[PDB]
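Asker: One letter stands for each residue in the lines below.
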Amino acid sequence: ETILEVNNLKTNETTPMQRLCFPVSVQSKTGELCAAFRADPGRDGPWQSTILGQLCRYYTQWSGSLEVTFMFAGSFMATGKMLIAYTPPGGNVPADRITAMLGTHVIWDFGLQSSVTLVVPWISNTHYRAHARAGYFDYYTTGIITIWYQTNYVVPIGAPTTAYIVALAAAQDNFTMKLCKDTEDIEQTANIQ
Amino acid sequence: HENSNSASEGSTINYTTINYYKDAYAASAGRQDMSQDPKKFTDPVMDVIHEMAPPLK
Amino acid sequence: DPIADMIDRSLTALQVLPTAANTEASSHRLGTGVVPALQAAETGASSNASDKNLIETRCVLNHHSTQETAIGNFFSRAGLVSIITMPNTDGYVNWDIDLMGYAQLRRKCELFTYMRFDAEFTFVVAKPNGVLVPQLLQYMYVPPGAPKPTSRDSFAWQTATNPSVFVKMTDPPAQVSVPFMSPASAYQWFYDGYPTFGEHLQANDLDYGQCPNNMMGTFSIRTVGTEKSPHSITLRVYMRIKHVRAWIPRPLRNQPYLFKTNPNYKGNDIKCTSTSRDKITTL
Amino acid sequence: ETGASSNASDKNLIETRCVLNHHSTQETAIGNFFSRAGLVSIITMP
Amino acid sequence: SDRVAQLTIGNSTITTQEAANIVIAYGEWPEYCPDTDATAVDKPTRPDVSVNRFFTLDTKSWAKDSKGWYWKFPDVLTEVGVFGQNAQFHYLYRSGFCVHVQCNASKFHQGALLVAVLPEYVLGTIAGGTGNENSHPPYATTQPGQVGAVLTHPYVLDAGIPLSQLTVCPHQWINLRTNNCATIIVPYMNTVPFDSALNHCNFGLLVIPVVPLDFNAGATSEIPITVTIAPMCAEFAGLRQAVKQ
Amino acid sequence: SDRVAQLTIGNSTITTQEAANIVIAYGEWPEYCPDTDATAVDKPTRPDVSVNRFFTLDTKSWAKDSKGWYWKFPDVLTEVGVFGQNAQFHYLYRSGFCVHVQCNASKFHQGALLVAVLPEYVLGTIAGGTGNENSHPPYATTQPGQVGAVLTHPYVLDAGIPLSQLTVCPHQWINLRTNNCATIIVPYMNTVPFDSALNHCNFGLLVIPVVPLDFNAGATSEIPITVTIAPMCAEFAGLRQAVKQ
Ligand SMILES: CCCCCCCCCCCCC/C=C/[C@H](O)[C@H](N)CO
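Chains as they are written, first to last, in this note's numbering: chain V, 1198 to 1390; chain C, 19 to 75; chain Z, 24 to 306; chain P, 37 to 82; chain R, 191 to 435; chain E, 191 to 435.
Check each hint, because a few of them may be wrong.
Said to hold, decoys possible - Just the calculated beta-carbon pair ranges, DEER-fashion:
1. Z/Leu84 with C/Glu27: 47 to 57 Å
2. V/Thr1208 with R/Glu323: 40 to 50 Å
3. Z/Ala64 with E/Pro383: 52 to 62 Å
4. Z/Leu77 with R/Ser354: 43 to 53 Å
5. R/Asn322 with V/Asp1241: 37 to 47 Å
6. R/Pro224 with V/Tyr1333: 27 to 37 Å
7. Z/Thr55 with C/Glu27: 53 to 63 Å
8. V/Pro1220 with E/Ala228: 35 to 45 Å
What the hints assert, rightly or not - Which chain R residues face chain C? A few, computed with CB under 8 Å, are given here:
9. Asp192
10. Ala215
11. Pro360
12. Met422
Unchecked claim - Cut-off 35 Å, straight-line C-alpha distance, at most; resulting in silico cross-link-like pairs (DSBU-like, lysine-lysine):
13. R/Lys233 with E/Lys250
14. Z/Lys171 with V/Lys1375
15. R/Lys233 with R/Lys434
Bear in mind the hints are in silico, worked out from the structure with no lab data behind them. Positions of the beta carbon are idealized from the N, C-alpha and C atoms, including for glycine.
Generate coordinates for the entire structure from the input sequences, incorporating the hints supplied.
Answerer: Structure follows, in structure tokens:
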């Protein structure tokens, strides 16, 4: 597992140490969503920062299941429950929680064990998948992963009201690749030395 | 041996192919099989029709 | 077994036929009830009447082989698929891999619906008048998703991962072998539907019939040197087809082609399938 | 926190069917990843 | 003694007294996907009663100068019944079919219909008449729904292939002097074991009148045609919220 | 070592780290209807994956002076998911349930919830205040849907029976100093083996705050309550066109 860059905003380009943690705070309403991203390991976005996302760029077609591990990094007295859902393609990001709970989902509880693993199972029509992209190759898309407030984030007096969550990503044992090609993340415009 | 990777491996063709490399799709075509099944295109019918009897009685 | 409800065929198998079937002898026949000459084409089965059930025949042992009618011998012939010219003017071309640009090979491959094969590519290259000039060339295959070269001296020409050939004009023509590389189990030449989800409108109407299991990236050639070569180049690409397996035959096209991506035809001159004659009684 | 990766499979979170896959891992070996000729030098004699 | 027939599946039953034989397309029965060819890991759902039954579509009118009609599958069933709901709440489906076409007339009429199932029926245009436009068919033409669309140039099937050799596909005849129905059983034919039901259409069903309908004046001049279909071994996988198209 | 728990069914999974034990109502697991007790002759349909999964309802807000809430079953699930579709296209259903209620707070709050499942919860009125009117509850009160309604006189449960002996029904406690969840498994309890889902409601789920929620000023004053349920062994029969109510 390596760290996933979920919080890749346009304002975090001059202070890029904050892109590894995304915040969770006390809400007044119920059922808000905290983050959402695509589950394409080959497309640009949050998966480009992984050792899996950099090794998939040297190939073209991949198969198998993934896993995403979240780890809570708040205080000890703080608590709460989160809902992490994975929606197969066909629909957009769900507008509310009661739409998003229809896909594969896991309810997370904070406590002593501060890590949960949402496994993203391999559901596709073809045996392999190419690298998804806008155009015709979005036929090989794989879904949308969101995350919702199951309950509120409850904190007592004297402990801070804002915590952070780091996200880790890896592959399962039935993962495989084929058809080696070159990456496009590196370049050589000027001559080295 | 060779890491077998061809287009026809499940139901294949005759065993006279020549190859000098390590990948099986580099091999020649060779001579082909004489196998054929006509009746799944000329007689796709559930109840069997005999040539002597009337077919619609 | 508390629930008695929960506890709870192929037609013909293939065989080898090396030669055509013989003809057995027969005689006349007079009888009632048995009739092989009368059929019923309404059931969709073809007739099974032979020669001996209508006339009297002798015995003929024939040894006519059926080897040339196999699908392996029908397809394993190199045909032209592309003409690529470098007058483009900057010493390099990027050609998208589409094997439906010439009608003689397109008609043969569209006879079947699904196909699964390995290819063998051959490049024959000369000047536009057949003249020969000593010259160094480079071919590079770019898979879909890989960066493409934008100039004659880009960093994509280093070929650290990409398969590539270096060959001269005076040499014998280059030959390579390509395996079956689709994400699906077989290539298909017809795809009834849209590749993407969402709303289909008049702006996205050209998506109909484009299957991404057949788009295989691009192909790039260049002259090797960093300067401008003074000669015009013309490449011809020939493709053989090996280890063929096919499925679900189709009717053949009798109208001339118009584009590479859709089966559109000309709507004014609908060509009749047979050549017309004058009268029905006189041949 | 212990630095070990998780060992949860697919079958421990959802219900799965039985799938026999024959996907080979040949292309991911280090021998096939590196045995490709790449450019290392351009040397000119003006 | 084989001119009568009865097909029952689900809670429905079709009976006929002047029927031809039953056609199994390419001699294969439809079946559930085995484990050796499966790629999805989620456990599939099988409703197995509420979707394996006979569904009856609308009724066309055979005139004296009709061209022909076509229906795209399984676009015809995606808005009706619980099969219209399982195909909206899932991502993958897999099913066979069983097509039954009824058209009956008396002993004083004449005509002949050619029914045929054609897989991967990709339509085309007339390319702007003169042939220089890269025209494309609209969404209402390619996927008409449970109504079905009519043909414009039936001699080329609106796809550039002639009618004269359409019988290489599985097919039957409805000749008005012998029988009144035709029936085909189609298995699942695709390059992938599962597929989406809203972006892919497997086959097309074509009903083309070869011999024109003719009668003397005074008879019943209203000849209808009614199509009835039924899925066979339907499976579904990949649950997600409802998306219609 | 029994304070942690994990429940998985369908494509959903519920985890908890401070949990009490699991309550099986009257010590019986839910099961399919055997042949000795069946009366319907049609073959039932079992979707068995798409309806046996955890469904999450809306989220209420626990204030300092709340009365209590109730949900009617299976009226809460009859408009959501494919279970909302099979209960609209059929005449008979039969299913168990598994209720899971989450409500979490920190170590500086206090309060106690009494969760209880009560079968045949027939509501009443206050009979016009003075007791001479034969009043009746409206349709919006008796079957609120997936939102749920609040209680007015919780001491008599709006049905004339006192709260003080509600624990004879299967029940659990959510005490804010020990645990944060409660879970009951309910089998199918009715006089007939199948029933309609639009005219009959089997049981009611009641969440009543016995000890009021109290905290010092400055803490998180927003305490939510979220209910999550899942059918167990759902069967359906008697297919007919869609009727919502
Ligand atoms: C150094 C070798 C360079 C040559 C690389 C050739 C690889 C590409 C082979 C493609 C095989 C056929 C795939 C699809 C063919 C047709 O273009 C599509 N079906 C278009 O409809």
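Asker: Could you run down the list of hints and mark each one as holding or not?
Answerer: Each hint tested on the structure:
| no. | hint | result |
| --- | --- | --- |
| 1 | Z/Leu84 with C/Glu27: 47 to 57 Å | violated, 37 Å |
| 2 | V/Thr1208 with R/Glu323: 40 to 50 Å | holds, 48 Å |
| 3 | Z/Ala64 with E/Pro383: 52 to 62 Å | holds, 54 Å |
| 4 | Z/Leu77 with R/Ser354: 43 to 53 Å | violated, 26 Å |
| 5 | R/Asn322 with V/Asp1241: 37 to 47 Å | holds, 39 Å |
| 6 | R/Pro224 with V/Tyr1333: 27 to 37 Å | holds, 31 Å |
| 7 | Z/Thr55 with C/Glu27: 53 to 63 Å | holds, 55 Å |
| 8 | V/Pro1220 with E/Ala228: 35 to 45 Å | violated, 56 Å |
| 9 | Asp192 | holds, 6 Å |
| 10 | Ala215 | holds, 6 Å |
| 11 | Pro360 | holds, 6 Å |
| 12 | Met422 | violated, 14 Å |
| 13 | R/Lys233 with E/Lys250 | holds, 34 Å |
| 14 | Z/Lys171 with V/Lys1375 | holds, 20 Å |
| 15 | R/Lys233 with R/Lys434 | holds, 23 Å |
Of the hints listed earlier, those the structure fails to meet are numbers 1, 4, 8 and 12, in rising order.
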